[PDB]
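Participant: Residue-level listing of the chains:
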Amino acid sequence: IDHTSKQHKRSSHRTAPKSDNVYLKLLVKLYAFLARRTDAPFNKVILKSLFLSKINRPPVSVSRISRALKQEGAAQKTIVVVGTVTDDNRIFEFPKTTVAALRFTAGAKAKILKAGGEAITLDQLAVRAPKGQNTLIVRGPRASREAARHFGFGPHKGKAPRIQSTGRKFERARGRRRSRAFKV
Amino acid sequence: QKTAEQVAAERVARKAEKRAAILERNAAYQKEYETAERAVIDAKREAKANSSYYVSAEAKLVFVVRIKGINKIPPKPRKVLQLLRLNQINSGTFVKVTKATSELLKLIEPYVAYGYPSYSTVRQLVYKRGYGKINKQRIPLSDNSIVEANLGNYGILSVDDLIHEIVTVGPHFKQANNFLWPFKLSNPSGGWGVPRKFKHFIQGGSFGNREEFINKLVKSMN
Amino acid sequence: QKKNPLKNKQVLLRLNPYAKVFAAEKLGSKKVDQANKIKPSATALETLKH
Amino acid sequence: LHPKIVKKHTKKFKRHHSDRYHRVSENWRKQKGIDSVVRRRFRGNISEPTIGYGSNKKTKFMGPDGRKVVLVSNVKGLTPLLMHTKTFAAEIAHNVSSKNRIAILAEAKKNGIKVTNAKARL
Amino acid sequence: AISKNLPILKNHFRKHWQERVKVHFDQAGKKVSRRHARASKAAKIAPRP
Amino acid sequence: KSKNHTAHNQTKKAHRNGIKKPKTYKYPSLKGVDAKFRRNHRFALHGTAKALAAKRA
Amino acid sequence: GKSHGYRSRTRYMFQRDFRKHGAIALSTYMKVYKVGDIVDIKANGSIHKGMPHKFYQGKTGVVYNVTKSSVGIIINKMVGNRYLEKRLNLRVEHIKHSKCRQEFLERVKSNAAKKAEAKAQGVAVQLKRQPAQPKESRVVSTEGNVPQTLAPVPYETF
Amino acid sequence: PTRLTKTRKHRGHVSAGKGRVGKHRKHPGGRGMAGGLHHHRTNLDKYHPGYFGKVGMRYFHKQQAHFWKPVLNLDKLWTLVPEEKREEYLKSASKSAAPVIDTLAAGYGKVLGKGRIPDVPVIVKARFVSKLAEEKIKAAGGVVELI
RNA sequence: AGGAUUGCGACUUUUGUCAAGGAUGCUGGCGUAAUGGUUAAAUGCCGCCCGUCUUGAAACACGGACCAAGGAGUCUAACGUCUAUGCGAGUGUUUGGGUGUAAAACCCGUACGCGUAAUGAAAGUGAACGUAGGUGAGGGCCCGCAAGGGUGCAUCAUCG
RNA sequence: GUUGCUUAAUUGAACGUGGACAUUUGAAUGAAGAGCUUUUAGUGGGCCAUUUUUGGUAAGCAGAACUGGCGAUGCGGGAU
RNA sequence: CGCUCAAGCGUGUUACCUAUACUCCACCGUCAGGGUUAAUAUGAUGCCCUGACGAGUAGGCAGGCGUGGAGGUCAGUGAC
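Residue numbers (the UniProt record's numbering), protein chains in the order written: chain A, 3 to 186; chain B, 20 to 241; chain C, 313 to 362; chain D, 5 to 126; chain E, 2 to 50; chain F, 3 to 59; chain G, 2 to 159; chain H, 2 to 148.
Hints were generated in silico from the structure; no laboratory data involved.
Beta carbons: idealized from backbone N, C-alpha and C, even for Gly.
One or more hints might be untrue.
[Claimed, not checked] In silico DSSO-like pairs for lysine-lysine, Cα to Cα no more than 30 Å straight-line:
no., chain 1, residue 1, chain 2, residue 2
1, B, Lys79, B, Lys34
2, B, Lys125, B, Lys50
3, B, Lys238, C, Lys321
4, F, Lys52, B, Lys91
5, B, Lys115, G, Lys129
6, C, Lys349, B, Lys37
7, B, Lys21, B, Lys91
8, A, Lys31, A, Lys11
9, A, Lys31, A, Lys50
10, C, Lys349, C, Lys338
11, A, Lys161, H, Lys19
12, A, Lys185, G, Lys78
13, B, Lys63, B, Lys91
14, C, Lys315, C, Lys332
15, G, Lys136, F, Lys23
16, B, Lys91, B, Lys50
17, G, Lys3, G, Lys21
18, E, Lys31, A, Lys171
19, B, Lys63, G, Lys78
20, G, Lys136, B, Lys79
21, F, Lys22, A, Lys72
[Unchecked claim] A partial selection of chain A residues facing chain B, derived with a Cβ cut-off under 10 Å:
no., residue
22, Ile3
23, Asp4
24, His5
25, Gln9
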């Protein structure tokens with residue numbers, strides 16, 4: 003038989019979480035039910051994000067949440083993070099807001115609830131909004147990681163070499179400048 | 020729970036309207052084929068009286084069959100067989116005949132036998148070995164409710180209406196032919212009428228163009 | 313179990329409602345045709361026979 | 005009406021050269037050879053175990069009776085099989101003493117539970 | 002000897018290092034010896050710090 | 003004694019993985035372009051930024 | 002040793018022509034090149050400055066930069082199992098305009114005329130290009146055109 | 002865990018994940034960075050550069066003590082002041098009563114400009130300062146004392 | 001094969017009937033070594049001796065008389081990608097001290113390592129014109145009966 | 001509209017602001033989902049066939065070109 | 001083996017034999033696309049539906065079977 007494509011191919015996606023956590027899999031069952039039933043695009047996005055790894059779920063700073071509120075016509079939207087929400091000390095006037103996430107830090111709990119906010123978890127959000135109405139999903143920065151700078155090293159890529167320490171006398175002389183042979 | 024019992028009486032009444040629409044259309048298509056055959060036969064007799072030769076219109080539709088099996092096939096003809104959906108040995112399709120499609124058949128002529136079918140061989144293939152492509156998944160054409168659900172936007176509200184598009188070569192041949200899954204045929208019951216299968220029809224073998232004799236070969240395999 | 317329209321007949325009549333009208337009037341036969349003219353030739357038989 | 009059992013391949017898969025040399029036991033073991041004919045599948049040689057020989061899912065782990073066997077060592081271990089006589093049969097262990105078999109066999113026959121062994125030494 | 006895309010390490014283990022290895026199993030037991038020594042000294046000296 | 007060179011199973015290897023086109027983008031890479039042109043081009047984009055800012059008022 | 006120079010195996014490629022030696026006609030220099038035009042390449046044996054390597058004879062590419070005497074042309078070439086972008090700098094004497102894109106611009110204007118004209122009259126356009134269809138039926142007249150009976154000739158020695 | 006490794010799974014097969022032709026011999030290439038200039042040049046031309054050679058001049062008896070000076074951005078600045086005394090100070094200090102921020106006690110050398118601080122008088126104490134860092138503090142109201 | 005019903009239909013004046021989304025009906029013999037299971041021999045056809053290096057082994061290529069037990073990718077110091085867990089601009093109790101049912105379990109904190117700033121050989125200097133900037137793509141949400149418009153995180157390209 | 005480029009210039013050239021034209025997304029056929037990233041194994045002695053072909057009297061000899069096989073592969077036929 | 005108006009050589013026309021190939025049905029596994037605890041006992045890792053595919057050395061990953069010791073648990077089995 004002329005096999006055009008590969009046979010018995012895998013889906014190439016995380017179906018369920020690799021984690022064995024009891025409380026997380028309860029949250030999966032709730033959103034997995036909604037994604038089949040509701041027919042609201044919001045629910046199918048949050049179903050994907052619960053399956054992700056620690057690298058694929060970066061931390062969202064509270065200053066990043068404050069920027070999205072300045073968008074023209076998005077003052078009272080329930081901002082749904084899928085990860086951790088860390089505190090930030092490069093800002094002062096944090097407004098009265100409502101947030102939804104898996105985890106909140108000890109600092110970020112105080113910063114929201116001092117202004118008079120609502121630190122909600124994803125199950126409590128699902129009671130108010132099944133379809134996801136007047137929501138606003140936020141995702142943290144992937145490619146600012148210490149491993150990301152070393153990927154795809156070579157001539158003349160403009161990337162960082164994998165080394166321990168540190169300044170001169172360590173990957174500087176021959177092959178990095180015209181005085182000593184050449185500049186890569 | 021309640022009123023859904025009354026819907027059983029209702030929903031049946033709307034299908035009685037559709038069966039009348041199928042019956043009148045099938046009567047119209049029968050009148051098209053009978054007039055098409057009689058017009059060509061009498062037109063020859065018209066020309067023969069006035070010291071002239073009627074030349075018939077060239078074939079608008081052709082049916083291909085994979086003869087050679089797998090392996091030891093060069094890459095260029097192997098690519099063309101992949102495009103015409105003849106991946107397995109003994110496989111059908113139908114091809115809308117153009118100048119462009121004729122050049123594809125020249126490349127793969129040792130590995131296939133092909134000719135011009137009629138409203139008879141086409142009727143048997145779509146009933147006995149007919150299968151539809153419905154969100155992938157090779158699903159059979161048991162009921163005509165399946166064909167209306169998918170191909171309802173281009174007319175084609177029945178199995179015979181799908182057959183009409185294949186035979187006449189209408190504007191929606193490209194959509195209607197691609198809907199059909201390639202016909203997985205059996206080996207011929209009588210035989211190939213030869214000692215050797217790979218020599219071209221006119222010399223002795225099976226492959227290449229055979230025009231009128233493809234109808235006999237398919238009915239045995241059907 | 314996929315039946316087959318050619319055999320069985322109830323599956324045939326599930327499709328093509330015209331199968332009654334085809335079979336009753338005998339359209340796989342149809343008398344048919346015609347005098348007026350057995351209508352002949354001119355110089356075709358000279359080239360054909362030669 | 006219970007599905008009739010078909011075993012596909014009843015003959016035992018012996019290892020290659022088990023009868024030839026004494027040290028090679030009859031427990032199955034895959035040939036990892038390059039000259040080997042058992043790996044490459046030649047005509048007129050021993051068969052190999054393959055997933056195609058697997059039994060039907062309707063009738064798996066069932067004997068001639070049509071019952072899945074459970075191992076029992078005492079009277080308290082009979083309490084899962086009280087309302088499941090047609091589906092689950094019992095079997096008493098080898099390490100149980102002679103007098104304790106009479107204790108299990110007595111209360112087993114009350115509820116109508118079929119034991120594969122016993123019989124019971126005598 | 003070398004070659005993927007890994008950092009160039011510096012492991013100084015080309016002498017007879019296995020002959021001169023120490024493992025501190027005594028950490029837990031040696032703590033009690035010091036607490037015993039500090040206590041027994043205070044008993045000898047008595048009223049002084 | 004040893005074989006020198008060949009190109010057998012070479013094109014067959016290449017077509018397994020891909021043989022791909024070079025992607026293409028809108029706004030291509032502006033490298034190896036005339037330096038006198040680029041300096042004036044910078045001042046044009048700076049000036050037109052002032053124009054659109056004044057319009058929105 | 003093996004020879005792998007810059008102008009290796011260029012005996013007939015950079016050979017000039019039959020009865021077209023010497024100077025070049027002035028229309029070569031007069032032609033205009035804006036950033037975007039498609040152009041085919043032909044090396045000229047007489048002009049030695051800004052000369053292309055043998056591989057790019059007959060290749061086609063888009064112009065990206067323009068200067069005093071030259072034009073920058075990016076050409077995609079195959080190597081290993083992956084296409085790479087390459088940047089050339091050839092003088093005006095070698096480059097000429099491509100006539101492949103020429104026919105496309107004729108088709109754009111004609112379709113716009115047919116859509117605008119027919120919508121206020123016909124209500125039926127048919128603007129997609131048709132492949133060469135098969136024949137229709139017809140009748141051939143035999144009056145003063147009677148068939149000539151042929152036969153295969155016997156073998157002779159010239 | 003000894004059971005989870007792949008050497009348990011290889012029991013039965015001859016080569017054990019090393020091939021029949023390659024054999025797995027002792028030291029085919031060398032022993033650690035051997036032949037860097039000869040037959041491992043293609044590895045070191047890629048991936049590393051600047052490996053061989055020597056840039057710069059020597060320092061005899063160098064001490065990590067003269068070279069100290071840990072930096073501090075103006076973004077952080079207010080973190081040195083306590084958490085209780087913050088909502089109080091941010092709302093009305095207004096001169097003659099500004100919160101003194103000694104950077105050296107916390108452990109910082111050079112006060113350094115980056116962030117955009119709020120308009121409150123500060124009075125900072127530090128060893129070193131940037132030119133931009135002083136401009137931002139004077140715009141607010143305060144001053145910089147040297148030590 | 002399947003194992004309540006649901007669907008498409010046909011024949012029906014009608015109720016109903018049916019070859020219509022996979023076999024039901026009626027009858028006989030035996031109720032056990034008779035049917036099956038393993039095991040040994042006979043008969044038909046087929047079957048060269050394993051392991052190994054090799055483009056290539058039944059080989060006139062190497063090891064193997066036979067059996068039992070033993071017998072071969074382990075542990076460590078620095079590390080890379082991916083994954084789970086805890087806290088998160090911080091993080092790390094266990095050098096050491098306090099206690100104790102005593103190598104355990106529990107508690108304590110100055111330092112110090114890595115991270116929060118880079119670039120230069122060094123002397124050194126040291127990251128907001130603008131809503132932390134525009135353009136093209138972008139999931140999701142918002143307005144709308146729709147057509148379409150508004151707002152656009154991650155990321156990719158691109159000019160500042 | 002934009003400028004320090006270019007013009008005898010109120011020209012040109014790049015990047016734009018607003019505007020008109022979506023059945024007829026402007027050849028055929030197919031699409032098995034498309035694009036992309038990290039990481040690491042074995043391998044780096046090859047050989048035979050149909051045409052093209054160099055050395056050689058010629059070779060189950062040596063050496064290249066294009067597809068297909070064996071090596072990694074049983075099964076029916078060529079007795080083997 | 002034996003064959004001579006062949007059981008030989010060239011050519012034609014029919015029947016017939018037959019592969020793990022082709023068509024159809026049963027069962028196994030792998031992969032994909034769906035449907036469902038809306039109290040509704042027993043494994044949501046469940047319970048069903050539909051469609052395709054299956055050779056393989058060097059190599060990689062997955063799911064299981066067994067051996068010697070350690071913590072828990074069946075108030076497990078045993079001079080009957």
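Participant: Decide, hint by hint, whether the structure agrees.
Facilitator: Each hint tested on the structure:
no.	hint	result
1	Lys79/B - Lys34/B	violated (35 Å)
2	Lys125/B - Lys50/B	violated (37 Å)
3	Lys238/B - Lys321/C	holds (20 Å)
4	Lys52/F - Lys91/B	violated (69 Å)
5	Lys115/B - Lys129/G	holds (17 Å)
6	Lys349/C - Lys37/B	violated (44 Å)
7	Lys21/B - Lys91/B	violated (66 Å)
8	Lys31/A - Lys11/A	holds (26 Å)
9	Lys31/A - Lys50/A	holds (12 Å)
10	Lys349/C - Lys338/C	holds (26 Å)
11	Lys161/A - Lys19/H	violated (34 Å)
12	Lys185/A - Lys78/G	holds (27 Å)
13	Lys63/B - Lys91/B	violated (48 Å)
14	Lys315/C - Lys332/C	holds (20 Å)
15	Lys136/G - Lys23/F	violated (40 Å)
16	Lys91/B - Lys50/B	violated (49 Å)
17	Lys3/G - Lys21/G	violated (34 Å)
18	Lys31/E - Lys171/A	violated (44 Å)
19	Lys63/B - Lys78/G	violated (59 Å)
20	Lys136/G - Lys79/B	holds (9 Å)
21	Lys22/F - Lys72/A	violated (43 Å)
22	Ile3	holds (6 Å)
23	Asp4	holds (4 Å)
24	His5	holds (8 Å)
25	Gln9	violated (13 Å)
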